[PDB]
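Student: Take the sequences, apply the hints, and build the full model.
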Amino acid sequence: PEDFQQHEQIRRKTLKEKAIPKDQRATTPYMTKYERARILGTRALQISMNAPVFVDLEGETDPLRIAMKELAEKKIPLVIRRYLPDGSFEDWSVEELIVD
Amino acid sequence: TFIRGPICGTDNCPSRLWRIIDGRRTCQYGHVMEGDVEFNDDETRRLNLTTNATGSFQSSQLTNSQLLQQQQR
Amino acid sequence: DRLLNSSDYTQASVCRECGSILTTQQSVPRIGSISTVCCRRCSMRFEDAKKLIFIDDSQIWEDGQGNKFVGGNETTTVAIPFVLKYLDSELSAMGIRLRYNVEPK
Amino acid sequence: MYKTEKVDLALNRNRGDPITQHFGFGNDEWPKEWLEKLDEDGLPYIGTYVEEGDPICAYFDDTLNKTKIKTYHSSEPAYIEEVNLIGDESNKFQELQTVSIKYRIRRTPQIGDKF
Amino acid sequence: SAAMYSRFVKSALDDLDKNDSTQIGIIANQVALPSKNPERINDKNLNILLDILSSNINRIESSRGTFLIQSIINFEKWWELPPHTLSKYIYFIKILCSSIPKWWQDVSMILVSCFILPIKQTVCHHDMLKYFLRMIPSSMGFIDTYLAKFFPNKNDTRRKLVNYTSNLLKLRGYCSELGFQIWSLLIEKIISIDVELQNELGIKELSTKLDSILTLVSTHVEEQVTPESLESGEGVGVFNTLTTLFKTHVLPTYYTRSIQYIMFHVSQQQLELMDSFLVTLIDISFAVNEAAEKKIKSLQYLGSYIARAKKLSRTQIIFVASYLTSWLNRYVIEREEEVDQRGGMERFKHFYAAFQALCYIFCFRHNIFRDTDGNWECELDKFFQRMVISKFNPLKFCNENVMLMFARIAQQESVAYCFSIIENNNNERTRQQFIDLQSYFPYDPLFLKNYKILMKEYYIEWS
Amino acid sequence: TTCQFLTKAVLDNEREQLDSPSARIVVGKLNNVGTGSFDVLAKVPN
Amino acid sequence: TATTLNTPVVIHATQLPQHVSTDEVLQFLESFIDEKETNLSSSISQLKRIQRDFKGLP
Amino acid sequence: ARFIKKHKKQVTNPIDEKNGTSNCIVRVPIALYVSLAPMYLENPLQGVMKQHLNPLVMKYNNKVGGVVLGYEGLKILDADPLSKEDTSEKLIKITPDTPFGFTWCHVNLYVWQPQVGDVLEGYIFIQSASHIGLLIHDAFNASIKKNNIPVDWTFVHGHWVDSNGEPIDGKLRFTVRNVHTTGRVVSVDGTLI
Amino acid sequence: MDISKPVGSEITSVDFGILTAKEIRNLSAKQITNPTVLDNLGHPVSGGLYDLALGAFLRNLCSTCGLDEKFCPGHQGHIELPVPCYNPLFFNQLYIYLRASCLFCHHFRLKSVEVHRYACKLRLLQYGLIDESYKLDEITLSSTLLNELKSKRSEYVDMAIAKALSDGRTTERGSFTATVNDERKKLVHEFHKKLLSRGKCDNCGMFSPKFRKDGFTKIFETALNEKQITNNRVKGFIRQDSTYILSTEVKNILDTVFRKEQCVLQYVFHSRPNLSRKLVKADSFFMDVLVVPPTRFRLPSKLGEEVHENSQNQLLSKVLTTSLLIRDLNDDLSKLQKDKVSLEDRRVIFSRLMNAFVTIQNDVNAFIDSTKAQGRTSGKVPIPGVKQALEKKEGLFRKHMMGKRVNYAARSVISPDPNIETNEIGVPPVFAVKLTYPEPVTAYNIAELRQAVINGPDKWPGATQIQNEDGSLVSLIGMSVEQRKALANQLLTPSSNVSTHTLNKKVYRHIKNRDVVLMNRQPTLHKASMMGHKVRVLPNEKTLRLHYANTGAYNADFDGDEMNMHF
Ligand SMILES: [Mg+2]
Ligand SMILES: [Zn+2]
Ligand SMILES: [Zn+2]
Ligand SMILES: [Zn+2]
Ligand SMILES: [Zn+2]
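Chains A, B, C, D, E, F, G, H and I, in that order, give the protein sequences.
Going by the entry's author numbering, the first sequence opens with residue 55, and the numbers climb by one from there.
Numbering-wise, the second sequence is residues 3 to 45, 57 to 86 according to the entry's author numbering.
Numbering-wise, the third sequence is residues 1090 to 1141, 1151 to 1203 according to the entry's author numbering.
Going by the entry's author numbering, the fourth sequence opens with residue 803, and the numbers climb by one from there.
Numbering-wise, the fifth sequence is residues 48 to 248, 324 to 551, 581 to 614 according to the entry's author numbering.
Going by the entry's author numbering, the sixth sequence opens with residue 1617, and the numbers climb by one from there.
Numbering-wise, the seventh sequence is residues 12 to 48, 80 to 100 according to the entry's author numbering.
Numbering-wise, the eighth sequence is residues 14 to 170, 215 to 250 according to the entry's author numbering.
Numbering-wise, the ninth sequence is residues 1 to 141, 174 to 273, 312 to 637 according to the entry's author numbering.
Check the hints yourself; a few may be wrong.
[To be verified] Just so you have them, the derived chain H footprint on chain G, three or more residues with Cβ under 8 Å:
#1 14–26
#2 30–37
#3 88–99
I should point out that these hints are in silico values taken from the structure, not numbers from a laboratory.
Just so it is clear, CB atoms sit at the ideal spot from N, CA and C, and this is done for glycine as well.
Tutor: Next comes the structure, spelled out in structure tokens:
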């Protein structure tokens, strides 16, 4: 059991080391088109398997058209983890990315 | 147009497990057999195998034994 | 989608110690509880386990020959194509193993 | 477009065996909508309309004691123009082991037909 | 035989100590034969085999005796032995499955699978389960899988369904800790036979398959809930698991009417039940969080229940119909300025279905509405005339046939005027899942026979 | 030539690290270029 | 039987276990069945029979 | 050289005092990598208990070693390693191909574990000629078989009668010989000698 | 693939290795002994190549796990061998370390500090330190002189390793980059050339004899020379404190070398830090056993109506027959007494075994490869081996792993249509019936999935399957209207369980005007020739309809061009 706890202190200390803190995020402030497609991909996979939707549907039936609508009000509760090729990452929320 | 077989691997039948709803086998009342797919080989020493049913191999040409020899005499 | 999901996509199983996909089998049950998945390579013969404390009860299994075994129970299931499982067969004829690392450990 | 398939059961016979299966109807139960498309010797009526699933010959086996069947395989609905009864060039063997059916397939100018 | 066959099995048990076990293996082939075969071990030979085992079970707990136990427990028609060998076979299981408590899960697979027989042949099956499900208390869990695994199919025989249903209701009778999953088993399965029948409105099989099962629940539950089981027992528990499965199973399924009749039967046992069954249909017909299709479908469960429930009083019925008329009056306060707005009439489809309940209640309980004094209830003249002169117009968008019957019994009392707007209809000249939803009344006359005979307690007719 | 690159890699006990888009098709992971270049986390409350 | 929708994929014991005395077992057993009141019922029924036994009531 | 001795029960069980019996109820803190459905995205603590900790109540699980009674203190480990412990919005990694969230957990499992060589005292609910049937703590089944019964003890029609000539009933003290855990039910093999 | 069953475990790295002889004999089930494959009845022999512990066959059950032929994974068995054998892929790296060993000194014919130099360069190059490996030439100043050169070299390696770990320059698992991978291929190419350019043994002065090979793994040990025995016998005092050579004596010298040459051969076969400390053994070049594939990877090859033997069963047959000619002739010399045997009878047995010790090895060379075996039956286009299925254009890697075949895809002739949009495609009603899409049931589409189940499999828009909450499919093909409406009203009914209390029914709806396809035209030159169009379902045709604005991208001309379509 202690050989797991000694193992777990490594994995948490590495992920704390890899994570770039919030003030130093030097990547782009935009939503690249590979990020927008996966946000509407995963959010439409959650609406389809009964997640709570945060908008009013207005008679839509396709789960892609709901998650397209929910991005237009910045209600999507996801977090993008932009990897750098050393291992590091920067948690950018969806609400703070300029979609274009 | 059917083919007899097991009942079903569920309690929700009896049936004679009819033939191929394309790809897999089916019972009468709907339930697709879960799970096996029809095999096929699209492209020496000749053996005594008679693969016929769903691409799987069957046995040699001895039938139920004495009936071919009782009815011949 | 075109090269894993809609060609083969077999959810196989691996061992989390020897890391192979080909040496796992369903143990035939005892008296008649549920069956469980076990691995041949990590396991010992049970009489060899009695030669080296009491051996636990839940970590014994048996194949369809009645032979007992201990160990080989740490296993999970991953999602691979099937042609990997054919390749692991073909490489073991040449004497080559392909040990996998399956995370989380 | 015409198209000829040779219905055969003289194969797999191992050079000296008795006539294991015969043409013609048996005497046990058989589902009796085979009679709508097959004549009473196990050969189809000339001019019928075959689909994928209809029978083309009904050979009654003996070593399995059952009124078997042979089916149309291609998915295109064809008619039947000619059936020939080929006899043996060698000696007797005379239970009609080789039959030749010719299907006539309609080809109307569709969309996608090269001119 | 009397002394040699006792020494024969004792010389079979002796070879067990020397790991041989072939005269065990022959005698194991002797036990597990069919009962219909005269090559079997007879009755007095079975007496000799069982007391030499019940004397000492502590020798055959080996890996090489597991065919000996398996030959015993798979005794084909074991319960049809004479009762002097039957009382020792029964006494063997009460020692085997308590000395070695790993063998209970195999015999419990047999005692539950053999419940496809009528109750008068499995009287010793149910005595053993009430013993072991209190004495192996951890076995209360996995037998729930065993109940649902062997339930017969909806296209199986009429023999197997009704014998399996009636044997389960015996198991409901004493294991109150299971409770939920038995009622969840049948109501999930009787609904699987019911949605065939509404489309028939293989008929003669599927109709007579369910009415035997649907009677055997209703006659059982009218005995289970009683006046001495509400204030003193657990009849409030039988009601709640029946009313929480009406909400979860019979609400979301579509186009059914034979299963809500079991709540047309339990609810009429007392008066506080029909208040609680009413308050069940109230807070789901008005809660704002659900979609409209549950507030529409439950309002049809409100209109067609109160119209057909035999035991009712104005101290409930008018007092909710007073607040219903206030719920309409508070609906014509806010949204009668939202009737000229940019939008369609679909915004008040909840209202016309709410108003539909009033023109169904009026067609069946109008002689109740007359008080002693000779005045109507809650200013009907200030109500039935007032709602139709608005721009809402609840004659056009509501039902065509069950509301036209109301406009005959409206002008049999002249309480309102609505035929000139019918003359306005032919003057002025997404929805299909709702248009065919208000044409659905749950408690219409049943097409079955036996359950209509049971329903002359409290079901009324159109007369 | 498949045997040549195979016999060099076994004699070296070379751990493949699954980074090329031809290695991830063999094993059956998600690719690295394009949309498989980040992770999407969810934000659950409490 | 058991997919990964009702099974953890691993369980690892982080620490060594600590032997707890009965008076805190009764405090845990009290405060657990209060907070657990659909398939939990047939487990907490058996748990109700345990807590009566520790205080001592046959 | 090589050891497979890591199945050893590392904590021995004490003997309670003042009594003659043991204590076999422990508290072990575990960590576990669970799944999480896309419908419990607003109640993730409620959704882990309803999906992964409730099927472990009152059954056997060999990783903790005994029988799990219950749990306390479920804390979802956060995937954002710069947040604090007082936050109320934690992050959970979503699988690529599927919408099912996967995560870690920390929780305390109260386990009742018996071992070979301990003293247990339990009730009697059947006395037969070949065993004595036993319940421990009115939940778990035990047996004291005939070959482990001492030779100076007698039977009568029935109930067993001791060396001095009295019936035995109720709380019969014994020591453990084996713990059988094969099927879906625990089994404690006892011994009186 | 199904989005209701998720996986939790992920594969991250595929380490390699060699299957060892103690490894296979554990995991195997039933050792294959019998050279035949079937008995007379049409049934597999208990011990032959179709054994029922190697996979369920015709209708039986697999004797190890006990499942049907549609549930058995298969298991692999093993053939025993009395001779070890030469592994025909690991041959030239055995052939190089043969011609560099000293048969007397039991070391290499190179020096003792030159080898220790190449070890200490290869250790630092494991950790990526390309600089300190090159500064090891900068350490140079008899008996204790070479134990002072070896001491400061190993201190300088240890000083550089622990300094490069104080910061994050490297880690204990070791870095490896394509630049660090380059220098390893230059040292090893130099360390193998320096071992093959030796004459006299530079450790103890002796002269080692010659070896020379053939392609069929025939090596002939050449005897010595008179000048070199003259150096051997006069150096017999300091060391005082063309016959065909078989397999087992070559084994016996190489365990003796590899026990002594650990600290240099540890780093030749390791491009990463050895954390398990698995010692290198010379058994890793010799195939003591032979793992046969499972029965399911050895099914007979149907051709028309006949059934032929599997081609790998033939190459595994001839191994097993020739292993019975030797195993009889092994016990032939032992049952016959060793004093009764003459000088001729020991020499006529030793001209029978030496012909059969070749043909056991020239069949392992035939089972693995086809080029590296004998020229048989005048061309004949011979039986391909194991390597021949793992090869070029039609092999395994370039036909079944990089480019596959797909479900849910169609192809037909194209035809023009200007009356649709530029971003559309005209799907005819013969593709709009067979192509489906699993669309799960929630509250917003239950209005439309009821109407799409009632419509049945042969009316667009319709559906062709249901799927229950536990994976159990229910088709709709044969069902009539009162049975489809029996299922259409039961889509949202909860099925009570504790496992699947989250999941819900997926209906396999038809393709619609909402969906998106992925057209394609072979040959696909540039990436703008695999586009994605929105479906527009047209009636009364059989060809795909396309707008003219997309005929710049696919290079299409409407005279018989065919285009795929995915989904
Ligand atoms: Mg062209
Ligand atoms: Zn079926
Ligand atoms: Zn393993
Ligand atoms: Zn198998
Ligand atoms: Zn030396």
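Student: I'd like to know which numbered hints this structure contradicts. Please list them from smallest to largest.
Tutor: Violated hints: none; all satisfied.
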